[PDB]
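To begin, one chain is listed below as structure tokens, in the form solved without the named molecule.
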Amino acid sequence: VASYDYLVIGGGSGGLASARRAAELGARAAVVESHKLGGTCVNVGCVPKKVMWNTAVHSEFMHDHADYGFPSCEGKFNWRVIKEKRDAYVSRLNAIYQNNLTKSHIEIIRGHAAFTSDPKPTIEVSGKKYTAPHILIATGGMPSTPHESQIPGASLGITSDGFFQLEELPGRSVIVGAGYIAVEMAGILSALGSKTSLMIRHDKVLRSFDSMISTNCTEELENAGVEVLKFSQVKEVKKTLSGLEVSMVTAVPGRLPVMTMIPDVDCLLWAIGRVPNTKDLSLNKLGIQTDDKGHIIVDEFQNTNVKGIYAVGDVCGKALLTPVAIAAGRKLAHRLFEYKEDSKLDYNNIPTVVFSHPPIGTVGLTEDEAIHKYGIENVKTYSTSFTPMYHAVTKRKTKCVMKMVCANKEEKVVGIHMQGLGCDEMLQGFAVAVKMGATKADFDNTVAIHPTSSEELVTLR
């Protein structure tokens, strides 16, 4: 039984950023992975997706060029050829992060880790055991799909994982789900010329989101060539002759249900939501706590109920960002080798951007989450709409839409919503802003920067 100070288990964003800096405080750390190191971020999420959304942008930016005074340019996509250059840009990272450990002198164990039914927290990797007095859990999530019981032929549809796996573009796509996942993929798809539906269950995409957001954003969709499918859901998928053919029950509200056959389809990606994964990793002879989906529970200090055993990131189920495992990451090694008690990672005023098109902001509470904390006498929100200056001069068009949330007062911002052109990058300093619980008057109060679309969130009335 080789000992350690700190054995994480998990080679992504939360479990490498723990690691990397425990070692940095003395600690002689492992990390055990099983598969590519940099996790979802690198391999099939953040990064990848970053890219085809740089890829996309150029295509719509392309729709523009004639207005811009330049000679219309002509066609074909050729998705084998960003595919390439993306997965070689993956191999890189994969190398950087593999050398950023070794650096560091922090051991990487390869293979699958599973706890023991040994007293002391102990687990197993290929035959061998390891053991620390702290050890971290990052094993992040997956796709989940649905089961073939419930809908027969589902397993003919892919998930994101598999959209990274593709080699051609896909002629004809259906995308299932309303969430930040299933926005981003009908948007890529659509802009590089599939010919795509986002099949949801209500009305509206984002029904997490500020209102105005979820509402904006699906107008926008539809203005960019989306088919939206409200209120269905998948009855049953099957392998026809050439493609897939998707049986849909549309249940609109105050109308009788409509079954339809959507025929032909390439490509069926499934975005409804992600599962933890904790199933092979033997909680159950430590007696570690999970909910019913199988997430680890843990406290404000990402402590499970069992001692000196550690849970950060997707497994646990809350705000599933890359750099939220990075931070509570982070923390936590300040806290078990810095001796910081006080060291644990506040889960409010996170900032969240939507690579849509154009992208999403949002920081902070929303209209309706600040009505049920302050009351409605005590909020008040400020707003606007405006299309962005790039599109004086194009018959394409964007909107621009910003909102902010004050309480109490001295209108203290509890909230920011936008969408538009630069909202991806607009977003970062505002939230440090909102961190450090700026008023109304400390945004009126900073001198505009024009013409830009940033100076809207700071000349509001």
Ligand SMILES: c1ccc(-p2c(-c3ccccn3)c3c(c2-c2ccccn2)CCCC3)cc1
Given for the second form:
Number of protein chains: 2
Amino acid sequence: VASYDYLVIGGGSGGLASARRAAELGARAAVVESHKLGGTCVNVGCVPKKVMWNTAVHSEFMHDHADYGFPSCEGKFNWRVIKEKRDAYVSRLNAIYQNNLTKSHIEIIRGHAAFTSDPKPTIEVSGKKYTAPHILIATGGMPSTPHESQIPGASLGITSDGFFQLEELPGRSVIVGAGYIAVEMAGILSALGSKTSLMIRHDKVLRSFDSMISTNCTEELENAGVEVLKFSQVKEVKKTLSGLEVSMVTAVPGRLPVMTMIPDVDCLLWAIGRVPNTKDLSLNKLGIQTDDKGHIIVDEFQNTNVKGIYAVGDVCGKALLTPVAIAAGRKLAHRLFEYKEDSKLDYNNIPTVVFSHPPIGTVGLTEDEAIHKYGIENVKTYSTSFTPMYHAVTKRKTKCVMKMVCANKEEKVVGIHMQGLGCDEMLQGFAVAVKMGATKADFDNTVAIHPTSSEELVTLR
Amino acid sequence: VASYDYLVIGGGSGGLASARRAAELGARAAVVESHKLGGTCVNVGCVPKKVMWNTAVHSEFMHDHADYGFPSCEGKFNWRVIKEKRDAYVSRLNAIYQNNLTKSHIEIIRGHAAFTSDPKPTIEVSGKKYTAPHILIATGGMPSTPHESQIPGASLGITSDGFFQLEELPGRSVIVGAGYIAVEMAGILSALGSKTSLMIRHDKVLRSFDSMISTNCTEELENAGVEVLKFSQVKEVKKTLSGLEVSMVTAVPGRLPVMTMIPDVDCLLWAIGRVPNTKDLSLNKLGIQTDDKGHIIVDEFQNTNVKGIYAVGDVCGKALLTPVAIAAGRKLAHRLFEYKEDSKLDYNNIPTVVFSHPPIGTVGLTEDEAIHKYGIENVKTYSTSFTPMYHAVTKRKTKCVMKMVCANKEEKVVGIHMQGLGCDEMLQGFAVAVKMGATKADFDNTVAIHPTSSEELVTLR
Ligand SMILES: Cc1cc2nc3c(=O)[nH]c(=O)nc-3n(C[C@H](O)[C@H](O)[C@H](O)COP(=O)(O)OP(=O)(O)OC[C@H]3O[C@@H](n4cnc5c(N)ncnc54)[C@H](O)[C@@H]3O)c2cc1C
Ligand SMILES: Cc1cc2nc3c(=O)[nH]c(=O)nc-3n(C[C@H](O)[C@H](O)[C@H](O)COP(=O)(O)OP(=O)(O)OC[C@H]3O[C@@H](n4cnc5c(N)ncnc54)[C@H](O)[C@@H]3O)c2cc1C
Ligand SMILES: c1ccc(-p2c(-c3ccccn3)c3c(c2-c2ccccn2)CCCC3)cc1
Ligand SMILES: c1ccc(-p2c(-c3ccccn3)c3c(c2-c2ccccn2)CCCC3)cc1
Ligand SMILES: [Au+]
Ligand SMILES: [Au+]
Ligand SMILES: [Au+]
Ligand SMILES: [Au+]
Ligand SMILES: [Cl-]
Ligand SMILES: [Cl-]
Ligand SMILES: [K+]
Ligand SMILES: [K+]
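Let's compare: the form solved without the named molecule is above, so bring in the form deposited with the named molecule bound.
Below: every chain and molecule of the assembly, starting with the one above.
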């Protein structure tokens, strides 16, 4: 029964971040990891995804080579080549990662962890038990797959975790979901050559994002050659001779339902949401609160319903982004160990980029979210649509949409949403302005950087 | 002797902008243009330059095709193809441009204009004379070429104006200058295949920019295969059998001068600065003030040393950017016609992007400029250098540098300078923040957008 100042459950983005900051503050932390250190983030998340996104962008620009005065470019494309490099890059960083964690004198407890049936702050990792007045739950989540009970054959399809294990380009791809992980994957596969289909329960993807984004993204997916199967759900799946057959039902309002058999699918990817890893923590044994989906409940300070126990990251279910986990984990360390009874993460105005094609950028409230918080009368929105001049010479095209959500007489910028070339690297700066409480005037008093797309944001009329 | 409310001299970026805003305010404007409406901006500036920049970027990314899992791409590249399209795009916009100017009921006086020898507000355009209580000088500037007196054979070399008239890719290129127009041109030519040399009077380019940028840009030019001829000047030029021979003198401190003959140059481009078009306005005939280089002097309100006469744009010599001309021209219209005795352009924190490879972004003071304004003790700077993960799988590389200049206890962000992938579209947002008076804290309280380069700006330690 060893004892530490800080005991972290889950050695990934949030856990490590928080633990490391603690030891930096003096605390003697001990993080527990059951698998690879770095969680979803490193291994099957962010980077490997960005690399794959880059490869896809490259592929697109190459459909432009000729347009740009060059002789046509082949396009065979070898997945195994990029995969190899991706794995290299990962472990390459992963090595540096480890080095740091190592020099942070943080003990790494190996094995699955769960809270036992004791009252004093303790969890049991493979027999042995550990205690600490402060215990953090940063076990993250996982890709959600349907039960054979619900959809027979469901285990035939993979998830984003499988996506990064793929060694070849699926000839025929089917992705089920409407979130960013789904949109992102369909984007890459399609760009890289797979005959891709995206199956969504409704008529547009990213429905939680602003209406303009949802509508525009769906249209771009289509223009890019991604078959968007609207108002469709997978009723059953099974292995055929040439791969997989997917039976889906399409229920378009104003139309009668219809069954369709999708044949020769080289692989199905489930991208229907993430599930928090809490089912084996045996939380109840301490009364740690959770919602019905399993997320650990917390207050503005990442405090669980039980003293001396906290939670940050995907496990909490709000804002599933590695930076949010990082920030939350650190602020906590500062509160618990630097004694800053105010150290806490502001979840408002967290900027997000969805790596679609072109990328999506967003921060602040959606128009609809604004209307509810301020009132229809107190909300004006500006927006523009245009074709990046990069496509001025291209047969192939993609537009750019921008929307600015303003509130009150002062027209405070409470929301910024956009999709288009560059937007992935264009948002960070504006997010900063938005968190300072920028106004439409603040944007308009800023001289435009011509010629770029970014300048359109400070010239919205 | 017709009379108008607003008479504009020069129908380009600033003139048109200002005039158009005036008529929008009621004023009956009449702009005078001696050549093509749109000035340097449209015809031989911004867009045609960006197009050419894009083509070059494309060319670079194509040196990566194989790295990114694709079979090698040829690379012949046909300049005439892009040129044709560029010309198309230009006139295509140029058409829209005209449409607007037309529906703005602004009379366009054709012909060269200059102030006569009268006291009442009047200029003479091809015989006829025109008057107005408010007259704007927006004649812009022009590329500077040396005299045969100074450098014999100088007329053999072209300027940026010639660059956009080129129908082929010069096999061997030599560009003289250290400014952005010089750096930009060398970048494109080199990227597109020309064996390029950049001749600079000193050891680095963009010496007016921050030290980090100057140093980094020069190194990138070199890595990209651009021969940077340091401490060299063109002493003489002449046409040989295989093109042109350039005689230059290299004067490296700590070393003895040396003459070098550069042979087989397919074309020399002078990019040594811009000259304001005022020498034929016969300004003196009214006592309109100018500096020794010819720029028209003005106050914070674009007022010349003579009532009823103003000037905005390159002709004034400060901040030679189409947006600055636009902004200045409009604010003036608002002052003179909306009667806003405060309507004036803030020249502080004007953001600028230099389209090098990778692009350069900047706003605010340079570290050295900060030290002088606040004092060494009151200035701390943050900076980071790294390789965009886009190059994680590329043999070819380019780094990314970022520098944040802070002043006082509060660490107010007074300067932001960077070079790297995306920076061209990454700056606008941060400029906005910077003009609001952002602090290092304002940046740091903003959640990072991972994984991007932009996030490095809000995580500088
Ligand atoms: C395909 C994909 C792409 C993504 N792209 C992005 C992106 O571009 N930008 C972005 O910001 N976010 C992205 N994310 C999300 C980001 O990776 C996560 O938000 C972040 O990793 C969550 O942090 P976490 O601390 O919860 O860690 P993980 O979710 O990183 O959790 C940490 C560790 O907990 C361990 N663990 C679980 N249970 C136990 C236990 N009982 N005992 C011990 N250890 C345990 C796990 O094994 C894991 O290694 C992406 C995710 C996916 C799946
Ligand atoms: C290669 C190159 C690239 C550039 N790239 C960029 C860039 O990326 N971003 C940026 O912001 N800026 C860029 N610029 C600069 C930008 O184009 C200028 O700052 C802007 O055009 C200046 O505005 P202006 O109003 O002075 O017009 P011009 O300088 O546009 O002036 C307007 C007109 O005055 C007319 N005129 C002159 N004398 C007379 C007379 N006596 N009577 C009547 N008419 C007269 C001219 O014929 C001209 O058409 C670039 C310039 C060059 C050369
Ligand atoms: C070649 C290409 C894809 C597979 P994918 C794959 C999977 C994907 C990534 C990592 C691990 N497993 C998996 C399956 C695949 C599938 C797709 C069509 C027909 C049969 N199987 C089926 C069961 C779950 C794992 C197998 C061989
Ligand atoms: C093919 C390629 C370049 C020229 P460039 C060119 C020029 C460039 C653009 C537009 C107009 N003129 C010009 C010259 C050129 C030059 C370069 C090397 C040897 C001789 N001439 C020489 C005089 C000024 C105009 C002529 C033929
Ligand atoms: Au991550
Ligand atoms: Au598969
Ligand atoms: Au321009
Ligand atoms: Au030439
Ligand atoms: Cl590991
Ligand atoms: Cl014209
Ligand atoms: K990480
Ligand atoms: K223009």
